[PDB]
Amino acid sequence: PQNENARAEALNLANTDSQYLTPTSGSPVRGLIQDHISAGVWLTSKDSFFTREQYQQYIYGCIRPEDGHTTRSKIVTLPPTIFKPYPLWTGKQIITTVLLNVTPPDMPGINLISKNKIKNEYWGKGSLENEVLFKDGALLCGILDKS
Amino acid sequence: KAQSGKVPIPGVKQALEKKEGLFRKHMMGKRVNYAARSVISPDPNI
Amino acid sequence: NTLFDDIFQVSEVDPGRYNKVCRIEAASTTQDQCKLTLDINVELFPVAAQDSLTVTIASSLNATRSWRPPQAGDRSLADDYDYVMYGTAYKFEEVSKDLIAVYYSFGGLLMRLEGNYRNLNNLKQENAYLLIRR
Amino acid sequence: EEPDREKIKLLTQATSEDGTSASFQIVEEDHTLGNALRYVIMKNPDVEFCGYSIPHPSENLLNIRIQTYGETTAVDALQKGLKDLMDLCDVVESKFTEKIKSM
Numbered sequence: 638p639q640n641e642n643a644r645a646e647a648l649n650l651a652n653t654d655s656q657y658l659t660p661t662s663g664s665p666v667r668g669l670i671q672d673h674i675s676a677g678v679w680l681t682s683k684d685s686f687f688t689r690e691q692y693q694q695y696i697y698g699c700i701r702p703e704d705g706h707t708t709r710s711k712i713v714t715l716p717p718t719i720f721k722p723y724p725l726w727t728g729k730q731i732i733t734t735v736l737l738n739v740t741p742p743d744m745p746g747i748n749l750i751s752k753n754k755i756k757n758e759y760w761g762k763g764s765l766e767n768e769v770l771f772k773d774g775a776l777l778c779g780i781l782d783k784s
Numbered sequence: 442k443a444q448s449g450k451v452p453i454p455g456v457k458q459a460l461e462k463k464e465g466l467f468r469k470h471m472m473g474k475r476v477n478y479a480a481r482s483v484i485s486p487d488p489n490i
Numbered sequence: 003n004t005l006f007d008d009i010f011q012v013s014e015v016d017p018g019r020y021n022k023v024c025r026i027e028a029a030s031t032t033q034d035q036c037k038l039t040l041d042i043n044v045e046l047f048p049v050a051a052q053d054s055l056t057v058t059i060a061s062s063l064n075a076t077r078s079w080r081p082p083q084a085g086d087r088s089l090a091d092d093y094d095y096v097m098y099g100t101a102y103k104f105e106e107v108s109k110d111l112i113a114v115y116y117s118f119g120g121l122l123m124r125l126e127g128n129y130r131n132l133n134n135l136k137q138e139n140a141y142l143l144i145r146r
Numbered sequence: 040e041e042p043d044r045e046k047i048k049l050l051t052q053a054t055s056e057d058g059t060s061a062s063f064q065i066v067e068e069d070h071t072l073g074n075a076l077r078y079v080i081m082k083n084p085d086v087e088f089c090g091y092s093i094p095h096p097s098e099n100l101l102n103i104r105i106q107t108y109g110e111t112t113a114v115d116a117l118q119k120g121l122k123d124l125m126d127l128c129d130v131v132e133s134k135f136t137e138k139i140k141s142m
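Chains as they are written, first to last, in the entry's author numbering: chain A, 638 to 784; chain B, 442 to 444, 448 to 490; chain C, 3 to 64, 75 to 146; chain D, 40 to 142.
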């Protein structure tokens with residue numbers, strides 16, 4: 638389009654960010670499709686331990702402050718979940734970190750209780766990796782899927 | 442509403461009434477400048 | 003600040019479809035009531051059945077800014093024990109009268125204690141340094 | 040007198056005024072040096088954050104972002120990681136020369 642009465646209306650009315658929910662039922666129509674689904678089942682899994690140099694790489698691999706992805710102009714991180722034998726970060730703690738940077742700093746974290754598509758008995762005895770739990774913007778339980 | 449070899453000469457009325465013609469081809473369905481089309485391709489880095 | 007301390011008798015080590023993480027069911031040796039369900043990184047800290055661990059939940063180590081990898085001459089409470097984790101409490105379930113349970117999640121590796129007196133010292137804090145000796 | 044001012048470009052939109060947190064932009068580089076440089080920069084005891092990132096596979100660009108703790112700017116810590124990567128390539132060249140002269 639060729640004038641500012643149309644640039645303003647492709648940026649505010651017909652942009653993709655406002656088309657997140659469809660008007661037929663209010664269902665969301667935008668999300669990751671095939672192989673990002675099958676990587677969160679490995680990344681947010683409970684085997685997924687990352688060392689420190691690997692932790693800093695995956696954060697800056699996805700979030701770059703030059704493009705404007707952070708809200709804090711400086712990447713903030715988390716303390717590791719394992720201190721003594723070797724410092725390691727868990728894969729659910731990367732999802733906590735990327736939500737820590739893209740959400741605005743003033744508003745508190747997201748509190749969410751949900752479910753996965755993956756039953757608890759596929760993980761073993763007494764696993765609780767079907768109940769997804771976010772508590773103040775921190776993924777504390779359960780893998781992430783298409784759901 | 443005239444007589448025609450097989451398909452006679454179009455009159456000014458019959459230049460108007462189908463998907464083609466005038467009133468749907470060139471008034472609801474105009475062609476535009478400043479446009480382009482192409483095959484699309486996947487990209488996770490945008 | 004030490005918050006909780008006991009000695010637990012490990013009864014089950016279940017790998018359960020994981021190569022690095024085992025679930026540990028341990029009942030205590032002094033108190034006859036308090037149990038322990040814990041997920042430990044078994045590649046760093048190998049646990050067998052019929053062991054005896056010293057679980058200590060601490061509030062901090064001895075109001076700084078953040079974490080920083082260790083350097084010359086720093087000395088901390090983690091140097092006493094063999095395995096330290098860090099994480100939050102998210103759920104305080106009351107089972108019956110005087111069986112008040114707590115729920116810790118150490119970045120996705122869960123823990124459930126179950127006791128009665130620990131309302132003196134188990135708040136739902138963002139900080140719960142959990143430590144294991146022996 | 041002719042230097043080259045396209046090869047490295049500090050991005051002031053993400054550079055702290057303290058200087059202790061900067062984001063550089065190399066041209067014509069990729070995983071070759073950007074993974075070798077990220078390794079050697081993270082051995083500095085003053086570095087708090089380091090990671091390389093290629094924004095898109097098409098353009099030959101490379102962003103590395105150094106954040107230090109203090110008393111050393113990220114420009115000052117970029118160049119220690121370039122000398123120790125220069126010093127590491129001389130060790131490998133000095134060992135691989137001996138063993139050819141050991142056969």
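Since the hints were derived computationally from the structure, they do not count as laboratory data.
Please note: incorrect hints may appear among the correct ones.
As the list claims (entries may be wrong) - Derived CB-CB ranges, DEER-like:
| no. | chain 1 | residue 1 | chain 2 | residue 2 | range |
| --- | --- | --- | --- | --- | --- |
| 1 | D | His95 | A | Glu641 | 22 to 30 angstroms |
| 2 | B | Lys462 | A | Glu641 | 35 to 43 angstroms |
| 3 | B | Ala480 | A | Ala645 | 18 to 26 angstroms |
| 4 | A | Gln656 | D | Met125 | 49 to 57 angstroms |
| 5 | B | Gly465 | A | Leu749 | 49 to 57 angstroms |
| 6 | A | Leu680 | B | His470 | 50 to 58 angstroms |
| 7 | D | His95 | A | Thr653 | 13 to 21 angstroms |
| 8 | B | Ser482 | D | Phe135 | 25 to 33 angstroms |
| 9 | D | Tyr108 | C | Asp7 | 30 to 38 angstroms |
| 10 | D | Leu121 | C | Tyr129 | 36 to 44 angstroms |
Stated by the list, open to error - Chain A regions said to be covered by chain C (calculated; three or more residues, Cβ under 8 angstroms):
| no. | region |
| --- | --- |
| 11 | 661-668 |
| 12 | 684-690 |
| 13 | 725-734 |
| 14 | 748-762 |
| 15 | 765-777 |
Said to hold, decoys possible - Over the 10 angstroms line for every Cβ pair with chain A, so calculated as not near, a few chain D residues:
| no. | residue |
| --- | --- |
| 16 | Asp43 |
| 17 | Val66 |
| 18 | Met81 |
| 19 | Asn83 |
| 20 | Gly90 |
| 21 | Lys138 |
Don't be surprised by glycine CBs; every beta carbon is placed ideally from N, CA and C.
Here's how the hints hold up against the structure:
no. : hint                                     : verdict
1   : D:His95 to A:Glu641: 22 to 30 angstroms  : holds (29 angstroms)
2   : B:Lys462 to A:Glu641: 35 to 43 angstroms : holds (38 angstroms)
3   : B:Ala480 to A:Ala645: 18 to 26 angstroms : holds (22 angstroms)
4   : A:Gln656 to D:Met125: 49 to 57 angstroms : holds (52 angstroms)
5   : B:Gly465 to A:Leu749: 49 to 57 angstroms : holds (56 angstroms)
6   : A:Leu680 to B:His470: 50 to 58 angstroms : holds (54 angstroms)
7   : D:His95 to A:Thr653: 13 to 21 angstroms  : holds (19 angstroms)
8   : B:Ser482 to D:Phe135: 25 to 33 angstroms : violated (50 angstroms)
9   : D:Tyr108 to C:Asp7: 30 to 38 angstroms   : holds (34 angstroms)
10  : D:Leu121 to C:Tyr129: 36 to 44 angstroms : violated (59 angstroms)
11  : 661-668                                  : violated (count 0)
12  : 684-690                                  : holds (count 3)
13  : 725-734                                  : holds (count 7)
14  : 748-762                                  : holds (count 4)
15  : 765-777                                  : holds (count 6)
16  : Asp43                                    : holds (21 angstroms)
17  : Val66                                    : holds (15 angstroms)
18  : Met81                                    : violated (5 angstroms)
19  : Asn83                                    : holds (12 angstroms)
20  : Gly90                                    : violated (3 angstroms)
21  : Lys138                                   : holds (30 angstroms)
Hint check: violations occur at hints 8, 10, 11, 18, 20; the rest are consistent with the structure.
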